[PDB]
Amino acid sequence: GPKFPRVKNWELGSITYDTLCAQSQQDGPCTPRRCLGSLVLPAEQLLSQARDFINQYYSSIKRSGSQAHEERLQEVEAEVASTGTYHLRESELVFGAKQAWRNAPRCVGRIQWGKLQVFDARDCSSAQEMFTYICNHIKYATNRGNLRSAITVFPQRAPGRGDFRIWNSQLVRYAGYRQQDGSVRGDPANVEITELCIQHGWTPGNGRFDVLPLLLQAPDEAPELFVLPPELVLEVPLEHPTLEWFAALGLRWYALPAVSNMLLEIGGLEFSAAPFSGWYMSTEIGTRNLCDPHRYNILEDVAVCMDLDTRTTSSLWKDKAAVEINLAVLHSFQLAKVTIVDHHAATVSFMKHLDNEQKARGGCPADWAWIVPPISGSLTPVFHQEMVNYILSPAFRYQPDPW
Amino acid sequence: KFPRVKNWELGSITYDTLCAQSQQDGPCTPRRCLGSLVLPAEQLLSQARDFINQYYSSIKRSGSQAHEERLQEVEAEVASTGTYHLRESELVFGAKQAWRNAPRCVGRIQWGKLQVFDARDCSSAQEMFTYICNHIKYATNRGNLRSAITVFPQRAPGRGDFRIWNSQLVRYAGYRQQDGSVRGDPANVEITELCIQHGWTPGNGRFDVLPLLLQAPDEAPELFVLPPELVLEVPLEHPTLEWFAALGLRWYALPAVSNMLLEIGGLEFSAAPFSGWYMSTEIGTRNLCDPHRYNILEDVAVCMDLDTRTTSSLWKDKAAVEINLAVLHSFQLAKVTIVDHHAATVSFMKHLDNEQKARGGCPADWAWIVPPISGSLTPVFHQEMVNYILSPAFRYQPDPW
Ligand code: HEM
Ligand code: HEM
Ligand SMILES: Cc1cc(N)nc(C[C@@H]2CNC[C@@H]2NCCNCCc2cccc(F)c2)c1
Ligand SMILES: Cc1cc(N)nc(C[C@@H]2CNC[C@@H]2NCCNCCc2cccc(F)c2)c1
Ligand SMILES: C[C@H](O)[C@H](O)[C@H]1CNc2nc(N)[nH]c(=O)c2N1
Ligand SMILES: C[C@H](O)[C@H](O)[C@H]1CNc2nc(N)[nH]c(=O)c2N1
Ligand SMILES: [Zn+2]
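Heads up: the sequence lines are chains A and B, in that order.
Heads up: the first sequence runs through residues 67 to 108, 122 to 482, numbered per PDB author numbering.
Heads up: the second sequence runs through residues 69 to 107, 121 to 482, numbered per PDB author numbering.
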């Protein structure tokens, strides 16, 4: 075989070689001495990143080496020469946004990558206007439960000028209220953002599922607080298909997963606000959000209702309750006619995507620890699939909280 | 320099300083991570010196007379012969350290408790067999399982290796059928076929224990049947599901890995089988539910009368849990040592804390440490891990055929 990583599927016995990794222009955290694959967090410069991106764009429309390609390159360097930055054409932004999704190693939903609605909000000049754009995104994306993948792109970062930022990590989040006894009512993931919303004058609720308002920041201004109109935020009360008491627990989740604190980098340009959204894989809600010990932590409650023996690990009470909670999430979203995908169907699709990308680009960057679902890992085909992880650009990158 | 390591459930942070002790590169580079992939005198002398330094350090006698004179002996033997030999107590220390150092093992809380049988005076396949039988008897201990390793003679420059051809001491046959399907364990079709070719008369069951193919240097391997009385097995039944027992399922008590190489101070032990006890997910999830193994999920789901037509009924998940529960209940009933994945991962977290204090870190392979079901329900899911190769070490080796 070739001087490229060999990649094996242990269920099927099939082999591929990843040649796409040669295109990686950015170092990850691993070295020959030690693997750090499981850690959650990681003039001339701009111009070479820009050239690379324009080359990618022209290769994607099959015009590599043409005068249009050469003219665009010249236009970009003259823009940078005199202004220090450059700007993307509308179709370049569209291509770049889809490519950043395609390149995201942690996303199992990439079979959908070519179907992304790209809203261009590069004309936005105020917090109020960000709010309008965001409500529009939410309405389009939710589409009354027939969810449509989308991204809204606000103005890029500029030399010595402040950033557009959405302070919330998602467009929809539940409040976390720190109680006097030290415990938390609502989502403990969101204690800090809830605390900041109150400081900026939000009148807080007192429930387990209170939708947070948005803190939105335009360049060089304090952030401004905006409450989402409730009719815009689609939620799904959770019930179980056979266990009738489950509805009585008053659990719920929102329909729209919309990540809003990631930086979108395209050709050296940095879009510090570019919230994007798809639809849920059910285990995100049923396993992580509801059962993580540092989240809603409902496993014991549900096991008590199912009358399990919670005093001993070998009864597998945690496993049994987790399964029924995950089943409840699927059933309820299906009943409410809100788009959702189970972990079996999602991982099958990702395997198909792997085959697609092998043919199209000669590999696919994938982070095995994130792609493998948090329940039933080896019951899904991705557990048996070796994966190579590397950074490609355009990319979504985590960015530090602005506060 | 030193990697920051965070637990996302508790918010606690440590720094791994142990990784600086690594002398051997893994498969990753800054360009790409390959963490999910499954697979002369001076050089030997420095590995040997280092191991001896490790040894005298462990008994708190660094720089003592015994330490200086032992370094002399090693040097003299290598200068003269190009190799050397370990003393029994050194071998015992090195075997425990290789277990301690093994990144894919969730059972390492037990690392200091290991019975070491010195079999380096073995000169024939027949002798290998007696040693293996004794190991099995000792480790099994009527179901009260005890960790053990038996170390056969080291590799030598001149000649072929002592090798056990079987990947474990106890495996079930896999019989390829006219229709290309497999009866028994599909993971074992090749070794089954080798046994038949070396004169084994095969059974035709789903759980026929394989004979051993044992190899002394530069000889054809030899076939030995394990006396059935030595091989402890557990019939599988379910606490509430009566029909489960009638699936006729069983597994053997003793997990005993026999194809790995044990490397201690530059010396290589190509046959050095080791055994502990099972974590129940290995049997319940991987061996019985992998599609390329016994693949029983669908049969069981139908017995449970689940809706098999659609993934979103979570029929696979439901069936998998009940199979795992059956494994645990049946081992507990038969009074055979077993540990569930919640208990094992909780003890592994304790091991991590013990090692931080003892050594400043612990090499761990997240993809192998997190169990194949209910991953995020265990504490190890939320624990970042640093992977690297320390020596003494267990390592994979090519099949001898
Ligand atoms: C179409 C339906 C989609 C599904 C089912 C899906 C699925 C997932 C899942 C399960 C994760 C892991 C999330 C976690 O545990 O935190 C993830 C992460 C991610 N997804 Fe997708 N996704 C979808 C759409 C999208 C879209 C439209 C984008 C961007 C255009 C996207 C980009 C990403 C990125 C950048 C991550 C990593 C986020 C992080 O590091 O926190 N996904 N996705
Ligand atoms: C005492 C009870 C033990 C438990 C519960 C345990 C648990 C486990 C588990 C679950 C794995 C992953 C297995 C797989 O999926 O193939 C593993 C791997 C491993 N264990 Fe332990 N183990 C135990 C004893 C031992 C002992 C005594 C040794 C050596 C002296 C050992 C050395 C290893 C090694 C080298 C691996 C990686 C094997 C490979 O690469 O295939 N273990 N162990
Ligand atoms: C510290 C840090 C780093 C990082 N990369 N990330 C985070 C957000 C964490 C990751 N894990 C839980 C939480 N993120 C939860 C929100 N993720 C939904 C992803 C999703 C699903 C479907 C469609 C979409 F468009 C997006 C934190
Ligand atoms: C190709 C390859 C490489 C490698 N390093 N390894 C393998 C054996 C595979 C790994 N995964 C399934 C199968 N190994 C069989 C399971 N091994 C039992 C581990 C164990 C458990 C409890 C106590 C013990 F002492 C030992 C294959
Ligand atoms: C420590 C570990 O890397 C961390 O808990 C990861 C594991 N895999 C994950 N996978 C997904 N999809 N989402 C996550 O938040 C995590 N958390
Ligand atoms: C491709 C992937 O690395 C492979 O399926 C691994 C995943 N994790 C594992 N974990 C354990 N404990 N045992 C295994 O055999 C595997 N297989
Ligand atoms: Zn790595």
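If you are wondering where the hints come from, they were derived from the structure by calculation, not from laboratory data.
Note that CB positions come from ideal geometry on N, CA and C, so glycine has one too.
It is possible that part of the hints are untrue.
To be verified - Label-pair restraints from in silico Cβ distances:
#	chain 1	residue 1	chain 2	residue 2	range
1	A	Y219	B	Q413	35 to 43 Å
2	B	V306	A	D386	27 to 35 Å
3	A	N285	B	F288	44 to 52 Å
4	A	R168	B	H373	47 to 55 Å
5	B	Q196	A	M385	57 to 65 Å
What the hints assert, rightly or not - Using 20 Å as the maximum straight-line C-alpha spacing, the simulated DMTMM-like pairs for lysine to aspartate or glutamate come out as follows:
#	chain 1	residue 1	chain 2	residue 2
6	A	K69	B	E363
7	B	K74	A	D131
8	A	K416	A	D386
9	B	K69	A	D93
10	A	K194	A	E208
11	B	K177	B	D380
12	B	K218	B	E310
13	B	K416	B	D480
14	B	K218	B	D199
15	A	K74	B	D480
Now the hints, each set against the structure:
1. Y219/A with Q413/B: 35 to 43 Å: Hint violated: Cβ distance 55 Å, outside 35 to 43 Å.
2. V306/B with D386/A: 27 to 35 Å: violated (48 Å)
3. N285/A with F288/B: 44 to 52 Å: violated (59 Å)
4. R168/A with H373/B: 47 to 55 Å: holds (49 Å)
5. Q196/B with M385/A: 57 to 65 Å: violated (42 Å)
6. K69/A with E363/B: Roughly 34 Å separates the two Cα atoms, so the pair is violated.
7. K74/B with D131/A: violated (35 Å)
8. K416/A with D386/A: violated (31 Å)
9. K69/B with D93/A: holds (15 Å)
10. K194/A with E208/A: violated (26 Å)
11. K177/B with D380/B: Not satisfied, since the Cα-Cα distance of roughly 42 Å exceeds 20 Å.
12. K218/B with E310/B: Measuring from Cα to Cα gives roughly 10 Å; hence the hint holds.
13. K416/B with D480/B: Since the Cα atoms of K416/B and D480/B sit roughly 35 Å apart, the hinted pair is violated (cutoff 20 Å).
14. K218/B with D199/B: It holds: about 16 Å lies between the C-alpha atoms, which stays within 20 Å.
15. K74/A with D480/B: holds (18 Å)
Going down the numbered hints, you'll see the structure goes against 1, 2, 3, 5, 6, 7, 8, 10, 11 and 13, while the others check out.
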